[PDB]
Amino acid sequence: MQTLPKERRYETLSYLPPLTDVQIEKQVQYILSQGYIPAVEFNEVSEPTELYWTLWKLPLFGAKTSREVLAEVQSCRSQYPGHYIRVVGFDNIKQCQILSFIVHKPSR
Amino acid sequence: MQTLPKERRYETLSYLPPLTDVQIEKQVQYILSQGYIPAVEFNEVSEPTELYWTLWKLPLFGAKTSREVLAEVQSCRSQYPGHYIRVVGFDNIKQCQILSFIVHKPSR
Amino acid sequence: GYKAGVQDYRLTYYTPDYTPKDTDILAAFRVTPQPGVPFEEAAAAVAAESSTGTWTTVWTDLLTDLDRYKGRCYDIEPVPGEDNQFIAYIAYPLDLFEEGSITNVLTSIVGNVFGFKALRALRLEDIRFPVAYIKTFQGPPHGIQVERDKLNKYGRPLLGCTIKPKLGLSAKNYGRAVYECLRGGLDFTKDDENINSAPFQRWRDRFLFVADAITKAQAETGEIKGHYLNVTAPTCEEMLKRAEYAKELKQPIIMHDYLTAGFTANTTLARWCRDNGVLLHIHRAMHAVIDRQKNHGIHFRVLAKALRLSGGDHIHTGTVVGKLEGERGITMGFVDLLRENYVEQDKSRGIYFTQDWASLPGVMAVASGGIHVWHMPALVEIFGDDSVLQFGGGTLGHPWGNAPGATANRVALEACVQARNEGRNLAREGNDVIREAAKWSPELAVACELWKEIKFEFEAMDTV
Amino acid sequence: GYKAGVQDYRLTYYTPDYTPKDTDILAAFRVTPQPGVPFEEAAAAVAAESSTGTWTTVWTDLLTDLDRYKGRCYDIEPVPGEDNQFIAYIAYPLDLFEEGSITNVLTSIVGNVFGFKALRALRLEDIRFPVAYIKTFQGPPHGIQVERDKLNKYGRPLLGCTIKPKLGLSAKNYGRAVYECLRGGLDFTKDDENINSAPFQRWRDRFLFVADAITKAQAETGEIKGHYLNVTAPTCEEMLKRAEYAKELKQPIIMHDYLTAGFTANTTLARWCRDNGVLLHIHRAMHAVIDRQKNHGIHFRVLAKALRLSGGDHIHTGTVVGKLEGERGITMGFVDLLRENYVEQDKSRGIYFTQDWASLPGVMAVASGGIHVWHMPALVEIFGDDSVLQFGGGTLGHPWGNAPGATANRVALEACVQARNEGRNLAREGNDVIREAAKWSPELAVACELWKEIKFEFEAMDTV
Amino acid sequence: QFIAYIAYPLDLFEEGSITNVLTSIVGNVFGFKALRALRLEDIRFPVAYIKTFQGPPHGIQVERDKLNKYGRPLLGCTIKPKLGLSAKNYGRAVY
Amino acid sequence: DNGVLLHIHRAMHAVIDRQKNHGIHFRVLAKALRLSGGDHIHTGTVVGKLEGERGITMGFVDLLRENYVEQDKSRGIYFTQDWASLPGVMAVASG
Amino acid sequence: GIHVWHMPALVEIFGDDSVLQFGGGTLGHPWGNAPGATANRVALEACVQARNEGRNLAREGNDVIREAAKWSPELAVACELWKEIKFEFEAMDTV
Amino acid sequence: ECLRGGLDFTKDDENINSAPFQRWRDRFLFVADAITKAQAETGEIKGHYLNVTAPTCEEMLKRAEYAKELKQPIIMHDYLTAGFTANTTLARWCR
Ligand SMILES: O=C(O)[C@@](O)(COP(=O)(O)O)[C@H](O)[C@H](O)COP(=O)(O)O
Ligand SMILES: O=C(O)[C@@](O)(COP(=O)(O)O)[C@H](O)[C@H](O)COP(=O)(O)O
Ligand SMILES: O=C(O)[C@@](O)(COP(=O)(O)O)[C@H](O)[C@H](O)COP(=O)(O)O
Ligand SMILES: [Mg+2]
Ligand SMILES: [Mg+2]
Ligand SMILES: [Mg+2]
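One line per chain: the protein sequences are A, B, C, D, E, F, G and H, in this order. Position in the first sequence counted from 1, then plus 41, gives you the numbering used here. Position in the second sequence counted from 1, then plus 41, gives you the numbering used here. Position in the third sequence counted from 1, then plus 15, gives you the numbering used here. Position in the fourth sequence counted from 1, then plus 15, gives you the numbering used here. Position in the fifth sequence counted from 1, then plus 29, gives you the numbering used here. Position in the sixth sequence counted from 1, then plus 87, gives you the numbering used here. Position in the seventh sequence counted from 1, then plus 106, gives you the numbering used here. Position in the eighth sequence counted from 1, then plus 1, gives you the numbering used here.
So that you can see chain A by itself, here it is in the shape it has in the complex:
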């Protein structure tokens, strides 16, 4: 028998082993193939109580390739190393978020 260790979790895809750059690219590719709008959000602290995160620039309405989204993540990462960063996908028809996952944690 084994006792489960105490660990802080970050909603969707946080129980799987940490996402590689290839894996993130595949998740973004899913958003664009369906027809949803990708966006980058950042925050100082991650808490269950707070539900709003600061919006980086504007939602990418004119995205042709998944490389454009990854370039916006790299820009937010270099500017804010000590902030959490997540990728969200907006639907216009149903008016609800389809996907949300954290790509960066505060480095040390």
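Treat the hints with care, as some may be off.
Stated by the list, open to error - Just the calculated beta-carbon pair ranges, DEER-fashion:
no., chain 1, residue 1, chain 2, residue 2, range
1, C, 78, H, 30, 21 to 31 Å
2, G, 134, C, 289, 44 to 54 Å
3, D, 369, A, 59, 14 to 24 Å
4, B, 62, E, 63, 46 to 56 Å
5, F, 107, D, 259, 26 to 36 Å
6, B, 62, C, 446, 24 to 34 Å
7, H, 58, D, 369, 46 to 56 Å
8, B, 75, C, 473, 30 to 40 Å
The set of hints was computed from the structure by calculation and includes no laboratory data. Note that CB positions come from ideal geometry on N, CA and C, so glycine has one too.
Since chain A is already given, all that's left is putting chains B, C, D, E, F, G and H with the ligands on it; use the hints.
Chains B, C, D, E, F, G and H with the ligands alone, transformed into the frame defined by chain A:
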């Protein structure tokens, strides 16, 4: 077609033609054969609102024949000509009256 | 020790050696298992899944005392002339149920044991309530004995009428028809189960005009008159609001549909009626969805027992002869179970357990559904004296109107009561009494000629 | 002119020329008449008795406009490969039903047409609500889209657990089991349908300790956690009293049993949930008594439709593969009917009418009933993203406890969601995704070995 | 000196009322001219009558879970003197 | 309704349960308290009381705490008392 | 336990500002409740009449009852039934 | 995002009340979360005009009560479409 005439009714057995002395004897015989206690009640006015009638003597606990009940009705009738008179039947196990019917109406 | 895996249901749920306690809830199930499934496993699974059962063994069971709270199957009886059909007897401990709640006892036993993959059909035939559990419930608000004392009516069955058509009439035309029925000689009048608060007639208008109709009819005849006002509503607030206005108009009686509104709403109203001294009439709408088929569902005798505990002064028992289904042996079974204090076990009648009520008041029986003047001596002999006989189409469908229609029914009843008290069999001389009474009353002579040929005769689906 | 007597039901109730209006309630009945009774008479009797029908002609019919308010049968469709079996289509005018009342629409249509002597079996298959009637109802308190915003959870189905055993555990021990589940990685925990307020554990004790268990688990993991507290109670007052205390402890979600408590109570609670901002989970206890048999009863799709109008945020739909009955073609029918705004008519799927909802919010589907880690990829593909998957015995029955059992389910779900997004078929590679995820997680590897052999495979009674 | 055993039917007593069962049994049998002394030794309540009452608001098992105290008897103290102290002085003795 | 524990003081008991010839024994008054409601009850100290009167105290103390109490004449209990899952009351020993 | 013969004694002891109650005295009459009540009323009114007139109710008590029983047939029957029924025992509570 | 940049107030449109696509009680809760975050981030007092215009006088006061419950500084109303009777009622409540 015929229009129904307006008539004042007196609960049970009132819709049947006025009861003969033979018919009253048979109804009282029914009370005694079942094992219920027969009692005589009288009142000045017949109203739906009032639910208590003045008791004549006591309930006949030791009645052997239906003739003894008819003798008590005749005595109350001779004493009170201008009063309504009815015969009731008490049940001791269920604690509820079984039969109630009017024998006399105020004379003119 | 703890062992993880899948345990067989037969191992620790089927105990033939167990003898039921006096403070215990007992249930009789008619079980039909799938091909290749043993009789014991099918019986154990119903006993398990209804109380403290799970498809796999869990560690949390070892913290509690499993042997005290588990429901067990103690007797398996096979059904004669039937393959893969048996009666299962299951005992449930008293402590696992909530006090004074029909909702909990219904959700516990008949929760999700039906719809199991391992069995094709399941039916609950009878349920036993112990004396200790009955004492927590309020029961009926008044009962048979108090009701007759408040109404001041003794000797005979009571008479009623249902206004037709069901939907379409104005509030004013409703009250006019109510007045004419009560003037003739009927005791009660009744709203249809589907009348609540429609666009064509709103409830508050109906309540006002009906109250005026009773007042006029009471003063004219000299007898106490009443009308069942349908209180059934979309919410619990609206239901209690409508009852308050009936109390405000000094109305003796209101009606409610217990199955469509639910047991929670009905228990709320039954407590209200006790605290205000208002009599409660219960309509059994949507019952035949559950109690029709002999292979699946819940028998009405369970629903009749559940209503007596929940609360209600009258209950529809259904006519033996009429437009809706009814069996004489089965009917007389649960009819004598709603009225009497002590009922002995009888297998031929349909009663599986000896039922005892601890001085709890009886509920009056209501016979309704396509009955006319010819059915009168049959109904009086079967249902007895403590019953209500209701004529919807039979009163209003008279060629002369409502007032002669009501007088026709009233004469016919009082002729039957008089003939019974003298010492004449109503089974042998039923046609004779009706025919001889039609000589001195023209209203009865017209009514007899119209509905002579009409008879409802069909095969019943529910059988012993 | 007035003519007294007995009229044939076929004469003025069966009209094939009639075309259904847009503001009209339509019903589809599966009728089985008694031998010697015509198809038209059986269909006319169902159409008549449900609305404005009586066994004999009454004079009061002439005062009202009978042609406006009567229900009529417009089409008869015979069932293929079946003798004395036909589908009846009946139209009902909008004006006869009460606004915002499920109780009225239920008591009117399925009131007493069942249990008729002239027909052996009857089944209500599908019902159609017009846009004009839907607008009177509140609907769900929140719906799918609002719920996900308040819970802050996107991308995946939600996970839940049921505490076992159903009865026996102390209030303190109950809270301990709740805490250990939520710590592992489940979103919700649930009370059993039969748990209310028993002698061994009182409701106010359970509510207090569960609130402490969530508070610890939420602060530890960093994610929003909940527990469905059972509010089902004997009376309408006691029901609201338990809901108030859950609001006082700042609880996001409560649960209720709609069928056993009734529609009157359920409408009251759903309105309260809207006013106080509390999510509402609905258990479908006692459903299989009504919807099991193919010949008699009311199909679940009608009961699902009625719940959406009455109010509820979650609903149990039943697992396709599991311990209780389910059919893939039928299930996907009513599941898409509760979630979508517009549903097209599909005869093979079981949908008899084109149902249109007027911007009314969808209800989340709950898949529960004897499911383990191997059933995960099959459930995700069938039910989609907007659903809740619940594991009672599958969580607690893990050899290592609740917390490793809760991690095992969470790993299995998130591995399948990841694989689906990449572009892999879950019907073809379902075994592979589970097996490859069990290499880096020890908790999943233990759970896979235990429930490998277990499969629930039986014949379904209800078929298209 | 003798012990008398008396049986009473269940239906005559009110549900969930100690006041009634006390007023009915030990009402005015005491203070009778025919007997010098009377004493009630014991009483038996049937299960059916017990189910009407609420009972204790929590009980032993629930109380220990709320207080978080297991294994030992609980220790208490009564403040002396009974009458005399101030409200501020009373609280200091409690502390 | 509010989730508050209730402590019961048996003041004025000695006026009724002192004399062995007259009144009402404390075991009847203790039974009435379990039905009416109370989380703690005062039972009295056990120090002396010889050997006989110590058995009486343990009689009603077991009668307040246990679910099922067997009939025992030497202890002081005249009837077999059975509580239907009704919670026990914690005994207070003080004086 | 009081009847028509105790009437002159009760008026003397308690005076005017008092209520006198007859449970078995009213309902125990051979004729009923109504003639039983009239027997009790007639007896009291006669005792008040003799007291106001200036007659001793302790010595002439039986005389007033017999005079009132002469013009009242309802009282004459009640005096015939109860006449030997007297409760005489030693009192425990005394000066 | 508007209050973050450097505006003092935000406003609901005059026609926003409680439509099927967004209910009033949902809008009130999420906007309250936005004010709390923006105020803490900038260090200045921020507000939002919540539209309290309703079909009935009871529905109006009900919406106003919940704004006070969320500790909101400011509410809005349409005085000509709702009427002067409704506006005076709300003005007295606001004081
Ligand atoms: O709607 C009807 O059909 C009735 O009014 C009868 O009408 P008629 O008297 O005009 O035939 C009754 O509600 C049913 O008898 C109810 O069934 P049950 O008594 O079996 O509950
Ligand atoms: O009591 C039960 O049987 C369950 O807790 C399942 O237990 P496990 O999770 O331990 O198997 C659920 O209530 C049923 O799934 C309800 O059925 P449905 O969803 O069909 O209404
Ligand atoms: O129960 C009874 O015995 C009585 O009703 C008298 O009835 P009878 O007149 O029929 O005897 C009284 O309650 C007691 O006398 C009161 O006692 P006290 O005066 O001591 O309070
Ligand atoms: Mg009807
Ligand atoms: Mg369950
Ligand atoms: Mg604007």
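Consistency of the hints with the structure:
1. 78(C) to 30(H): 21 to 31 Å: For residue 78(C) and residue 30(H) the Cβ distance comes to about 40 Å; the hint is violated.
2. 134(G) to 289(C): 44 to 54 Å: 36 Å, violated
3. 369(D) to 59(A): 14 to 24 Å: 49 Å, violated
4. 62(B) to 63(E): 46 to 56 Å: 55 Å, holds
5. 107(F) to 259(D): 26 to 36 Å: 53 Å Cβ-Cβ, so the 26 to 36 Å window is violated.
6. 62(B) to 446(C): 24 to 34 Å: 29 Å, holds
7. 58(H) to 369(D): 46 to 56 Å: 41 Å, violated
8. 75(B) to 473(C): 30 to 40 Å: Since residue 75(B) and residue 473(C) have Cβ atoms about 38 Å apart, the given range 30 to 40 Å holds.
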